[PDB]
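Below you will find one chain, with nothing else, as structure tokens; this is the form deposited without adenosine-5'-triphosphate, and questions on how it binds or moves follow later.
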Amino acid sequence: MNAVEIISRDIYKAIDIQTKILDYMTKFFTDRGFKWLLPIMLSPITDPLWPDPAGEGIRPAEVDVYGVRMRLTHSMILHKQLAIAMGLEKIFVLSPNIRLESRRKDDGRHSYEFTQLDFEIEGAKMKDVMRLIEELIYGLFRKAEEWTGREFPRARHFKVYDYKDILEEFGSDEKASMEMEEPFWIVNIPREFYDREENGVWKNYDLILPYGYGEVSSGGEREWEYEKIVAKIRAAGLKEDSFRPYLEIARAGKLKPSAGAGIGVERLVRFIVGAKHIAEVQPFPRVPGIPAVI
């Protein structure tokens, strides 16, 4: 849409819902002893988002800062690990992610700017994080029923499927989403170097919404060992040069085991409002492949 068109929408209800969601989610974490960090938007390093079956291999937006190439945040994953290295133990951040994905990813849940509530826990296992997310989502969905007067899936825990088995049974995550009537987990997805891999098993997890709304959270246990991380980076044809200071920290032995996840705030607003496209709930749409006028 053009500028006047964009500002002429009535999204008051969606924003009221977003306000309630942010209040609920932030309190959920601070109530549990999590530290609340502020985001970074520019850094020499960022999430490669590759390998990743969910992506097409995008490169990050880049800008010079005092002559030096910085990358706009794909995600704060590496910085989350660094926060754990700083001994902060349990952290979260409302982190804007910039992912300049193609028109082919304009499926109603993607946006080229979006804020993730992104958290990480020292020493946590995938089962711990999946359980924490279920607790959050179940609670949120009960609150959503009060806010909307509509019914939401009542499951306290969600069924778990291996990625390989999703492909076989449904063809794709998107097709599985269309068939399901409650949220569900897809686990064991071969992807980026930072997700923990052990003898062919990836210790990671995506939460998928029902009714075709698709992935709403993605996370994993992490690699922390220098040699393992470098091998995975090289095997993917990525460059150590792209992760230099992070690899210096890893070589020094300062990364620690951890697990975490990011949760799409706007995707949840979309789901609770029941919006066909995420843009409908955003004051300033950022539609994949379409440069925003404001």
The other form holds:
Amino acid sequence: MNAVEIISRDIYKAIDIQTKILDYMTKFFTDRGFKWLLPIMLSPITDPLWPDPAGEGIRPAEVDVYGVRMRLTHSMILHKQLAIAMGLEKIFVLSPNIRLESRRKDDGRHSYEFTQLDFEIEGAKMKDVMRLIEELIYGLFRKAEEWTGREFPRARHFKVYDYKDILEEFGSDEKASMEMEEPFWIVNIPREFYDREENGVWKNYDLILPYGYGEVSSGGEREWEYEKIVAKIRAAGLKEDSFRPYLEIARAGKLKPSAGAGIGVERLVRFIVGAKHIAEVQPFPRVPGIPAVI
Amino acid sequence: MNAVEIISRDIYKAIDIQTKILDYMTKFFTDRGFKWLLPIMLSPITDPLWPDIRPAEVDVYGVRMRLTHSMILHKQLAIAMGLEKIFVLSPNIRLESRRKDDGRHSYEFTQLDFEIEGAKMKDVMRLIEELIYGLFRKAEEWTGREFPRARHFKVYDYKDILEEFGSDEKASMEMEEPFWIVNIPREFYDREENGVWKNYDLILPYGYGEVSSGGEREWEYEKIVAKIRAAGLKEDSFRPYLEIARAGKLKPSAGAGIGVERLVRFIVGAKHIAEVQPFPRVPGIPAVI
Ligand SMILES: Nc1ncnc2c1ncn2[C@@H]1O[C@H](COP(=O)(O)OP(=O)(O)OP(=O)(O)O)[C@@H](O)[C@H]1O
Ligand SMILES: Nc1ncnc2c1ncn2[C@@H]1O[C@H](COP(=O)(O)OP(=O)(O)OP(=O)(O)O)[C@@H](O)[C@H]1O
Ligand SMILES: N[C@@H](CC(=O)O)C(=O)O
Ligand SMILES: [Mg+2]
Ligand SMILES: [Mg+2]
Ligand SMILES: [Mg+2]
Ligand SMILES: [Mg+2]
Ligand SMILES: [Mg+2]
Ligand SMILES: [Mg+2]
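Having displayed the form deposited without adenosine-5'-triphosphate, please output the structure of the form solved in complex with adenosine-5'-triphosphate.
Full complex below, order starting with the chain above.
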């Protein structure tokens, strides 16, 4: 769209919903003793987002800072681990991400700029995090019924499926979402080096919304051991050079076991207001493959 | 500081205070009916920060985008969309020189940025005073220490600061209460009427310096483009914004941005802003992490 067209849309309802969602979610975490961090947008290191069945293997945008190449944040996952290393115990951030995805990813769920509420908990296990997310989501959906006067899935806990089993039964998480009428978990997905893997099993989880809305949250237990981390990076064809300061911290033995997740704020707003395309809930759309005018 | 030294610092108390500050400030705006917007980091347009350095840039699908200097122009566009009252916790990227490493500058930071349709300068100042007074009282509970009391702050004209103290920084070092500086000639978006600028900076005492800037805004296309031309800026670096102004869609408003890290610094009483950041971003020193 062009500038004047963009500012001509009526998105007041979506923004009012977003405000209520942000109020609810931030209070959820501060009420439970989480510390609230500010984001970083530029770093020598960022989330590789690869390997990942959910991706095409994009490289992060980058810019020079005092002559040094910095990467724009793909996600703050490595920084969350470092925050745990600093003894903050339980942390969250409203983190903007920049992911220059292709036109193939303009499916109504993707934006090339977006924010996730990203959180991490020292010593947590996958079951603990999934239980916390269920509590947050159940509580939010009850609130959403008051806000909108419409009904939302009533489930207090969600069914759990192995990634491999999803592939076999539905073919893809896409079709699975299409068939379900309640949120559900997909677990054990081989992906990035930082998700914990133990004897062929991945200790990770994606929360999928029903009715074709697709993934809304993703997380895992983490790796913390240097030699294990380096082997995974190498096996994936990635370069140790891209993670140098982080691997220095790992080699020193300063990473601690932890688990966490990120929740897409815009994807959640979209679900609650029932928008067909995520661009409808953004004052300034960032459609994959289409450079925005404003 | 290498990577290991950076993460070996003690920062728990500062983050603890920051959490309480963020909880207080976001609740302050939601309580008063403000909409909570999410930030943008890449756009063809951004705050020039001049008259008062060039924006970092990156190509996005073949188009040159600017990293956010500030969301000022986007705030005005949200007013134009009819959102009425808005705020955002907005990260900024400002690649300042090594000279700006003065203890209150970082090349990445967040401001709580807000805007209100139809508001006048004294409306926004009163609102900021209410916020700060309330925060200072809560901080006495959190920290067991005493903070500035003033319910309302002294107002200095910009010229009177220059003549009596030389700069806002020297003024800061000699006050014990927050104070306002008004009528400062700067960027094209602040409203200027009869040689008077309808704008304001909130300055902290004890040498901590500026914590907020804001103003009523220009909304008329002709008035806007004159100030841009006069300043020596390129109209074509603001095209889609000027399209909207020319279309007659900009509305009168006022607002301000408040430096979150600068506030945390004041309340914990840290000598350098880097002490309250988990990952320091010191001007002229590319971060190691
Ligand atoms: N391009 C995007 N646009 C909007 N929201 C997103 C986008 N990418 C991720 N998110 C949201 O934030 C979370 C990000 O974590 P993560 O990087 O692991 O997601 P993802 O694997 O890349 O998602 P997807 O495969 O659907 O593109 C997601 O669960 C989702 O809710
Ligand atoms: N480099 C920075 N580091 C940390 N906080 C900043 C920085 N620049 C601005 N801020 C904070 O956010 C606000 C941003 O608005 P503004 O553009 O008007 O600041 P500024 O005029 O450029 O600040 P200053 O004169 O100290 O350099 C400031 O009032 C301040 O609190
Ligand atoms: N946030 C300021 C602008 C800035 O200082 O970046 C304002 O609202 O005027
Ligand atoms: Mg995914
Ligand atoms: Mg993806
Ligand atoms: Mg994911
Ligand atoms: Mg400045
Ligand atoms: Mg200033
Ligand atoms: Mg200023």
